[PDB]
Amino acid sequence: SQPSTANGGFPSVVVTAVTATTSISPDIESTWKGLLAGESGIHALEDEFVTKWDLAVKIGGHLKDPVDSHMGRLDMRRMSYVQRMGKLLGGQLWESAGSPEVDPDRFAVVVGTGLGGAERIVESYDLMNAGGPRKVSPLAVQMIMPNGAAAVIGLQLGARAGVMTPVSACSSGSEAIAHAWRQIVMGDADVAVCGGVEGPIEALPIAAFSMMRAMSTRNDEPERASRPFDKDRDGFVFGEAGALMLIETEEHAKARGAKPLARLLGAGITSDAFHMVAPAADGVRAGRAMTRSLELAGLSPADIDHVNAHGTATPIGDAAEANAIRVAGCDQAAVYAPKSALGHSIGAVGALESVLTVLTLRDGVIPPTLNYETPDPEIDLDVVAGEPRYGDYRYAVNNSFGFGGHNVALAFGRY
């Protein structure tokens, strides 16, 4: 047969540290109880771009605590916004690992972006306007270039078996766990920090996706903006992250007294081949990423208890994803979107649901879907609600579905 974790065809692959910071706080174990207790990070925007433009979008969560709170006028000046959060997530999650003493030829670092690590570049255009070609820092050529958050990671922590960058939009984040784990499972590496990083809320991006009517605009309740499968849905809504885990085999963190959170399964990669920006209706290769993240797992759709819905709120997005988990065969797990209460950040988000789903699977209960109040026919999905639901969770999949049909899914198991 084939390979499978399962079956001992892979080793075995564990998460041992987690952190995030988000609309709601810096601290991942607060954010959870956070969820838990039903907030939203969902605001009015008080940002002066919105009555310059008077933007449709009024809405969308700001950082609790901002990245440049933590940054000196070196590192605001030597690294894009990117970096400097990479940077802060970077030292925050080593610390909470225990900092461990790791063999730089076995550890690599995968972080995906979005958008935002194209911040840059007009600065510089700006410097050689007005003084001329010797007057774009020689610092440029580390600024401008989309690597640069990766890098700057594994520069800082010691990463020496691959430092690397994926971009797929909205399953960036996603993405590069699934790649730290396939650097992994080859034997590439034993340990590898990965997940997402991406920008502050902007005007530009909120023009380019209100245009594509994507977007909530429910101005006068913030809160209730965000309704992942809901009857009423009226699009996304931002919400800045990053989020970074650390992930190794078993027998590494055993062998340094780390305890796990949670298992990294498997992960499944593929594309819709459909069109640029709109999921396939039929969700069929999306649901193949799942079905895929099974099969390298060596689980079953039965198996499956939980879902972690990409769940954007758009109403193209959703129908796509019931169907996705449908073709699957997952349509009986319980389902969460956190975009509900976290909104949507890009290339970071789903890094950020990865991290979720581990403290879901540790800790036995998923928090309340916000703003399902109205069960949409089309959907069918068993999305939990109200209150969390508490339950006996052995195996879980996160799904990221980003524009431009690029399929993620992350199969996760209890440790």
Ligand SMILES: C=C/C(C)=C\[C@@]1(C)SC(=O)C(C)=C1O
The other form holds:
There are 2 protein chains.
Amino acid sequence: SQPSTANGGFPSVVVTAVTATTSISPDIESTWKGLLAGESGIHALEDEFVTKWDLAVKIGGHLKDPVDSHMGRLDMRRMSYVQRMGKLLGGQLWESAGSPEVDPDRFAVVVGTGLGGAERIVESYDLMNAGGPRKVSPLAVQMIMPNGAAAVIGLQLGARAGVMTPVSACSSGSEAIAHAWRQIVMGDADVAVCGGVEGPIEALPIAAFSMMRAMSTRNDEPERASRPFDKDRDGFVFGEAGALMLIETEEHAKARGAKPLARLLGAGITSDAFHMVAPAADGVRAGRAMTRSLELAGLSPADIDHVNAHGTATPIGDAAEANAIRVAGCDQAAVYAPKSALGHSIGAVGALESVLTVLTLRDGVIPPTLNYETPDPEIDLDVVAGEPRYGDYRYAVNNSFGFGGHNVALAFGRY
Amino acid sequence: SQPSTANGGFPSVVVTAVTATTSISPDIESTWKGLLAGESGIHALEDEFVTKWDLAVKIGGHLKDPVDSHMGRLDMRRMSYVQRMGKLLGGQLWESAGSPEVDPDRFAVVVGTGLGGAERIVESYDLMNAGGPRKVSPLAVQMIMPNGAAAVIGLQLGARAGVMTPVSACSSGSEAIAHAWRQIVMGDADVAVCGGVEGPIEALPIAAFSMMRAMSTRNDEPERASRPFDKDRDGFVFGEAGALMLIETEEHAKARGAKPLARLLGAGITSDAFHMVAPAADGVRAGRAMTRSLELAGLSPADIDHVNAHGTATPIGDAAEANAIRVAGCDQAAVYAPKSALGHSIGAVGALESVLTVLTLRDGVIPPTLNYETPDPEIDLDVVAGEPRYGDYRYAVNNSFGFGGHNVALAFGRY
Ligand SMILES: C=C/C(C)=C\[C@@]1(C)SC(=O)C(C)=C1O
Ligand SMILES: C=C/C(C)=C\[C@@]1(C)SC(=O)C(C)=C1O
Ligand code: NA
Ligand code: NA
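Cool, the form deposited without the ligand is there; where's the form deposited with the ligand bound?
Then the entire complex follows, led off by the chain already shown.
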């Protein structure tokens, strides 16, 4: 037979700490309580760029606690935004894990980024246009290189078993967790910090996705705009986030007295090869990513109690994912779409949702999918709504799909 | 025991086709003949930005055959540069492989990019500053997303078993081949297109690396400037490239009548966690990447006949790598530093050098390291020089290290 987590072919891998900053709270346990209480992080945008351009979209979720409120002058001048978010989250996670002293040579970092947080290249041109080539900083390269956020975290925490940055648009944060899991089960590492970071809401990304008709313009009722799987959905809403988790073999956790929050059992990565931005309507390759996570985990579809949907609230996106969940045989699972409350954070969002999937398993509860008022016949899923659903969730799949047709599914189990 | 290629724990993986565009030729076999003849791709830069800024560096290797000489109006307007290079190379590789019809569901793409080729973000701002948010294109997102080049190639060739983009600066093209190998040996794919692409030589990258004292300024004798491992080296020279290879299981190659060019036996990925730009002087983690490739391959250091060095010609870089090669027990291997002739192409260069390592094994010959005239006591390596060395090369390691401390070693064997 082929190796699986269930059959002992791969070592057992557990999640031992989590951290996230969101539009609801800088504290992940407070985000979680807020989600359960039906809170939304989506408000009217007060940024002057909205009025300057009279943007069609006037809603979104900025971080409750801005990263830079924690950043001094040196960091503001010598790191990109996503590097600063990485430093902040990396330090928070390590403290939450009990500041353990690990073997650097068995410790990896895998952190995805999304669509930019891309400010530092332009600033270098400007320096040079005015002052000449000797006015670019000898610090420019480390601030501009797209591996920069993972590099900062690796250097901060002392990771010598690989520092990787996968890029797959909206799935980058989940894909990072996937590669971290691989690095451990293949024997290259015993412990990994993994997840995703992303820049803040800015005018150009809004314009670019708005022009594709991908975004909600329900500006009158910001908290009601994001409606994944609802009949009356009209696109996604941006909500800022960054999220990291600590994963390690069960024996490594045991040896240092860390209590696991959940198990990371398997990961599946596939691709649509269909269209540069739109998902394949049939959901077949996305479904297969789910199936692959189950194969590696040693689970059957019948074992899956819960799916944390990618669920962006676009008309075609949600329809494609409903088909995918059917293809994977998981359409009896209880479904949550967190973007209903937290919005879409592109490179970070899969990581944030992996953390939420962990908390769902730990606590035996799924928050309500906000704004889910009218089921859609083409969807036909069991979507949690109204109030939290307490349940015996034993296994879950977190989905994260990205523009380009990148499909990542992570299988988690209760510990 | 742990699985290895030698012990049958991993399936046999072979390289069945190669393509590259370089400063010497658009045809990889002509590049190779040129290298053997002692040709350099490095010349005086004629770009007006050199004189505009009176840049300290006035040398480099532009592609012999520019990508865009093959590109029509639609591609020029609707793809980024690295996407156009990807499309070009992807089509060339597929034709070289005999245009095979493969199962899309077992076919992956992994393509790295480096430090930018970053033109398309600025062009979107400009459209919006003048014409407003409705003047950004609905095509902006697909041209700007950093997964774009791998996405184009995946869509072009029909890869449905994953489309991935690793970013690790100068090691990204080798790291791509590493992840492709993993995707196959873990059973997610049977065939993969893999490698790296990079943008052309531009003013800002030259200014940024020049200000770090990383670059040669021997402008009087462009072909003599790049001197890896030489006593009188004074930094790297940029030389443009893109390179892709086709890898597949040996049984998949056999079934379709493809003749392998070499075997890809193992890959090691580690990190220095030392400094944001400089390598660790001791070479220990870089050495360990080499050792890890050997472990996975099932080889000992004594088996390694040849090392295709990262060899950038910086004072501290070459010194660190000599230490790494010692740490890995590989200091009796015949060493080639191709950057001596082809210069440094950042995200693409590891892929190009993996192709060269394949040709060295196929043909039993290593080209001369150009400009190697005075051995350096701190290096103490067996560097091939003067004229090509014909030899019985059975196994080789290609090294590629990247700013951030990212170390990738790939182990190849003669077929
Ligand atoms: C493969 C998925 C593709 C191409 C597009 C998706 C579904 S992913 C995403 O985050 C959004 C907003 C979409 O519309
Ligand atoms: C880990 C390697 C680091 C940090 C720097 C290196 C050696 S990698 C590279 O391409 C160049 C020019 C360097 O100087
Ligand atoms: Na999800
Ligand atoms: Na090399």
